[PDB]
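Novice: Start from the sequences, fold in the hints, and give me the full structure.
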Amino acid sequence: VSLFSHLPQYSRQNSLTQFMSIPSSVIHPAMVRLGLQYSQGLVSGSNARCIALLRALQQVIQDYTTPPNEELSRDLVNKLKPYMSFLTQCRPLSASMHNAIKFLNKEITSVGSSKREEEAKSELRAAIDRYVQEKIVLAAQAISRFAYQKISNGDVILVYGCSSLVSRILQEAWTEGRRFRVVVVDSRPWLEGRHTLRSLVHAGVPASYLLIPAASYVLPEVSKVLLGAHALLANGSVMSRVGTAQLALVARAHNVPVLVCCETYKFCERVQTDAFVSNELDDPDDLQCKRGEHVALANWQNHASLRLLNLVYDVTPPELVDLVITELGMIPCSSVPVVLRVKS
Amino acid sequence: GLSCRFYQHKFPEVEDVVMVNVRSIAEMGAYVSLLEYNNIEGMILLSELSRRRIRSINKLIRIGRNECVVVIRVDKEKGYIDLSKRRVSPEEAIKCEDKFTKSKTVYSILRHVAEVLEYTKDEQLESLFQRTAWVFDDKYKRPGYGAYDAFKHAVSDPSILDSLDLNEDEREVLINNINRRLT
Amino acid sequence: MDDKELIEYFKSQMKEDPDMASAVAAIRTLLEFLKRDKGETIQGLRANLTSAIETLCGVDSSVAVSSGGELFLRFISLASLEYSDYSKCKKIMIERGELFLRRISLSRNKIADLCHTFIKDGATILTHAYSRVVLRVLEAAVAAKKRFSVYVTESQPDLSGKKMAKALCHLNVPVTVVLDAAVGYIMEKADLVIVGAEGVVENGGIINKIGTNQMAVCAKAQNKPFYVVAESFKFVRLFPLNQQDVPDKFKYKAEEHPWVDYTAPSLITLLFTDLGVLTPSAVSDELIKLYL
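Protein chains in written order, with our numbering: chain X, 1 to 344; chain V, 1 to 183; chain D, 1 to 292.
Bear in mind the hints are in silico, worked out from the structure with no lab data behind them.
Cross-link-like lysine to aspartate or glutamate pairs, in silico, EDC-like; alpha carbons within 16 Å at most: (1) V/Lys85 to D/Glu82; (2) X/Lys224 to D/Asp245; (3) V/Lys78 to D/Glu40; (4) D/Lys289 to V/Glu27; (5) X/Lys343 to D/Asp285; (6) D/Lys38 to V/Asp75; (7) V/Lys85 to V/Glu67; (8) X/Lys150 to D/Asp245; (9) V/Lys78 to D/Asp37; (10) V/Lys59 to X/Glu134; (11) D/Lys253 to D/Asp158; (12) D/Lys38 to V/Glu77; (13) V/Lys76 to D/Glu40.
Listed next, with one range per pair, are the computed distances between beta-carbon atoms: (14) D/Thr50 to X/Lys343: 28 to 34 Å; (15) V/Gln124 to D/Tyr86: 36 to 42 Å; (16) X/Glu119 to V/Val88: 23 to 29 Å; (17) D/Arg103 to V/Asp98: 49 to 55 Å; (18) X/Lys343 to D/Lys91: 35 to 41 Å; (19) X/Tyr131 to V/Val88: 27 to 33 Å.
In this text, a Cβ means the ideal position worked out from N, Cα and C, and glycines have one as well.
Specialist: Have a look at this one:
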């Protein structure tokens with residue numbers, strides 16, 4: 001597709017460890033394992049990947065030796081770059097990873113050269129642990145406590161895709177002694193809502209399941225819409241998985257409020273005015289349908305004029321969102337920049 | 001299961017440094033619970049509210065911590081104690097921590113000793129306290145430290161245990177626990 | 001003083017001067033309670049003040065009272081208050097409360113001065129119900145040698161619009177009274193809409209007397225400006241979404257007869273507060289700054 005030809009396309013069946021030496025190499029083995037797991041797709045999620053990367057970085061910082069004359073302050077910064085270039089080669093990064101990169105580089109630079117190696121190592125490990133503890137778990141607990149006040153008996157809540165924060169909030173609210181039922185909507189390049197369906201069924205909550213194109217059929221019954229997010233842009237738009245904007249638009253057409261939950265450490269500084277351009281493409285071979293004998297799109301490379309498109313991200317304007325919940329409270333969507341980054 | 005005051009006193013005096021664990025945060029002050037004088041409520045007024053600072057915090061990071069605070073005003077009839085934090089010196093905090101640890105160890109070993117006797121309530125625990133440890137610190141005329149050093153010295157000389165009005169049933173368990181913990 | 005004395009003082013203060021709002025009466029009663037409290041403790045004083053505020057809110061169900069009490073409590077405690085003596089702290093908070101009371105009584109004139117310049121020459125103004133701040137605004141405007149015409153609504157079920165018109169008569173301005181169901185018919189001739197307020201919410205909307213939502217929708221359907229006059233001590237922490245989410249203790253006063261309704265921020269143009277002139281997006285963080 002010439003429209004999205006600017007973005008690169010990568011396949012998930014290209015082994016990168018074939019030409020690497022077996023008993024360790026320039027790349028630390030922990031990064032090799034992490035990149036292998038990322039490429040195989042065994043670790044998915046906007047928040048688990050950051051934790052795994054930080055754990056690997058802790059492991060590398062544990063095993064380090066200062067050069068005989070060179071100070072570690074610049075040596076570590078120079079050493080870290082090839083590893084994360086390799087990680088980017090394995091799979092494109094996300095906003096949380098970039099923020100963690102910036103914080104870690106700031107911490108590494110800020111250290112003084114008077115201290116010994118062991119003191120610096122201990123301080124860096126303690127700082128990383130403090131960051132992980134403070135910026136993920138406590139924020140989730142505070143967000144759940146804040147959002148508990150907008151759920152009442154007899155409500156019907158609509159969720160899309162899979163998100164850990166939404167499941168945690170719903171399970172805590174149900175345990176607190178509230179009664180309601182949930183509706184799950186799924187798309188069909190991944191089918192990621194089945195995880196949420198299983199978790200909710202196990203928790204003991206009634207639920208319904210359906211596909212995205214029928215969204216207009218069930219919206220007359222719904223009363224609230226709850227959504228997660230991947231990043232927050234400077235102008236106030238919300239970036240998420242493909243299809244969220246459709247749900248927002250149809251809910252607006254049926255007069256249904258929409259709520260968005262996100263953590264404060266995913267705040268970016270980019271500006272975007274359309275749901276295009278800066279996105280990520282995926283493997284086009286997954287769109288092949290397996291319906292009995294009829295298997296179209298097989299060997300689609302034979303036809304010259306046939307193209308398959310696979311987007312991953314979608315930007316939603318702030319005119320279709322009515323409330324945003326963060327660890328600092330609840331605010332209107334248009335007021336995101338005036339509080340999130342005004343502390344600078 | 002059991003709970004008893006660390007000292008025979010019921011209320012602290014002025015210019016006293018005490019352990020404190022933050023319980024909840026209100027709009028003007030901090031609701032806290034004391035430990036040495038059992039679970040009793042108290043307020044710490046936030047100087048300047050730390051007002052700009054408090055806007056950007058999760059507001060629940062401070063729940064469940066420990067520090068030393070100084071008592072300024074006391075009202076026995078209602079049960080209200082005024083506390084402060086700025087009026088604290090680190091040298092005093094060192095003795096605060098040391099005394100808290102010593103009292104904690106003494107309380108733990110005494111409670112373990114009384115556990116074997118299986119006190120139904122804490123009234124018998126209070127009687128044991130006033131018959132063994134409170135009388136100890138009264139005889140030594142010093143609070144907290146006297147009982148601790150007496151127990152630490154008795155690990156080699158149990159004869160002093162016979163000086164007090166201690167029954168053999170209590171004495172056996174107490175000697176066993178003292179030689180177990182203190183060693 | 002006890003609960004009966006509290007209620008007696010509250011009702012007497014309300015009755016003495018009809019030209020006075022509930023918030024000022026609650027603040028004065030709280031100050032009186034502060035000046036007659038005995039004991040040696042801070043938490044005891046806080047508990048007594050909280051109980052007094054609760055028993056005051058119990059008698060009268062209006063939004064402004066609770067916000068005024070909370071703001072009073074927060075404001076009087078924003079100083080050192082460490083010292084060693086109860087009396088010095090008591091005098092300090094008494095002085096702070098007196099200064100706060102002095103500050104409150106200087107907002108209507110500022111609102112009128114800021115808002116009177118938005119009225120054109122020879123214009124038709126539609127308003128709803130009775131509100132003293134709008135009357136002050138119009139008096140200031142007419143003192144500046146301008147001419148205009150005014151429409152009002154009967155405002156069922158207590159017919160306060162007739163009282164508003166009678167008050168407007170002394171200012172020799174042309175005034176008309178229309179039915180409560182003729183708003184859509186009369187919207188064509190109007191030029192701008194000015195209404196009062198009873199409480200400002202987080203997202204920017206307002207809470208007012210029943211019958212404002214339809215006026216706002218009708219004005220939006222024909223592209224007419226919508227203006228709101230409010231006060232600083234009426235900002236409350238609440239994030240309603242629809243008409244159901246309003247708390248029940250404000251809906252029904254002490255067949256359905258609700259007394260108040262909420263209007264969204266997307267149907268409003270400007271807000272004229274004592275802080276200045278704010279777009280609806282500015283309230284979302286001005287409220288955060290205010291509740292220090």
